[PDB]
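Here you get one chain, nothing else, as structure tokens; it is the form deposited in one PDB entry.
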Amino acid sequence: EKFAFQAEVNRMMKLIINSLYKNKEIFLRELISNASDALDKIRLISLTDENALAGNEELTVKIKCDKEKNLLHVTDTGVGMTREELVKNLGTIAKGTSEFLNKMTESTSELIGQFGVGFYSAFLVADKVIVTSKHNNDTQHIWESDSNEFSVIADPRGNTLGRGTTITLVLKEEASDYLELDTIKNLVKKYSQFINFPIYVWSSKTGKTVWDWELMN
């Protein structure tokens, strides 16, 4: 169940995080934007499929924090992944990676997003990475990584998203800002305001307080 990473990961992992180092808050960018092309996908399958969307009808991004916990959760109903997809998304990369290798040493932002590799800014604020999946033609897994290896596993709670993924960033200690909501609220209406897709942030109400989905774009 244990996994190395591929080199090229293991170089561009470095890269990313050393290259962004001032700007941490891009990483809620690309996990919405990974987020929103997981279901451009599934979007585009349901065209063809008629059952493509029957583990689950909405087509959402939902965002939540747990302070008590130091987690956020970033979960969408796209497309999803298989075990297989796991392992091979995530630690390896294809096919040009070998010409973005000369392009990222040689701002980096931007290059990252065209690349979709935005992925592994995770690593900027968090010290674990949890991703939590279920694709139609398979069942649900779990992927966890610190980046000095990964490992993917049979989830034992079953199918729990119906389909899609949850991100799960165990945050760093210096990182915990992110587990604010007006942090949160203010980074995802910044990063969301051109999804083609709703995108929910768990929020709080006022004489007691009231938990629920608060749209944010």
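Numbering follows the first chain given and starts at 1. Between two forms, the rigid core is defined as the largest C-alpha subset superposing within 1.5 Å. Compared with the form deposited in another entry:
Of the residues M81, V117, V125, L72, exactly one exceeds or equals a 2 Å C-alpha shift between the two forms once the rigid core is aligned, and that residue is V117. With the core held fixed, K24 shows a CA shift below 2 Å between the two forms.
Superposed on the core, the two forms barely differ at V201: its CA moves less than 2 Å between the two forms.
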Contents of the next structure:
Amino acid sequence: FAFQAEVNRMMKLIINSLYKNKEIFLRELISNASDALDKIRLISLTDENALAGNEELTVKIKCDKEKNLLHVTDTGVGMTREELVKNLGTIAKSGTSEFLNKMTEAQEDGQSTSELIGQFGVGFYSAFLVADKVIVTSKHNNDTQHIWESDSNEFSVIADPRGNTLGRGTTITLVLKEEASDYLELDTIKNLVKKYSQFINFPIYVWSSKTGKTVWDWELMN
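Please give the other form, namely the form deposited in another entry, since only the form deposited in one PDB entry has been shown so far.
No partners, no molecules, just the chain.
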């Protein structure tokens, strides 16, 4: 079961190389954060206690060069354990068996190679254009806080032992590929965030520096 994995993994490295502008992954994550915030905002207009777990409605992005991570946190509706498993799990899980079934299916169904490569640049899966691993921490009003992890081959989900630290919402943590180190650069992230947040109805911030000494804090990008 090691050879199939070498073909699976390699197949992805080639398709990723077709994406010169991988920056779209950030547009997709912001779009999902926006959708989650709109959902809880809509709910709050009917239920006065819907925001009890976390009164703010924001998207906050932070870089961690030491750990080589990019965090995109929203205080949207969040996801229950089942949602992490059914929604993200089926989407991210493209291992040996999954990738082949989708291939033959695409083969039979008459799906163009173009239609295939395009699936790599849209939605949640687009995170893998720049990440070796994706970690999702989420808290939905109807469940406890959970952590989901995937390398695009397998995925696991376990209750967060830190308990409810998000209040409500989701953090998408990307363990970036070596060649995606550019997305750990403050100037690049601020530029891209500003680029894709022009239509979201909520404040988006990037953890940035400001200069008695250099202090870091949330900087409004839209």
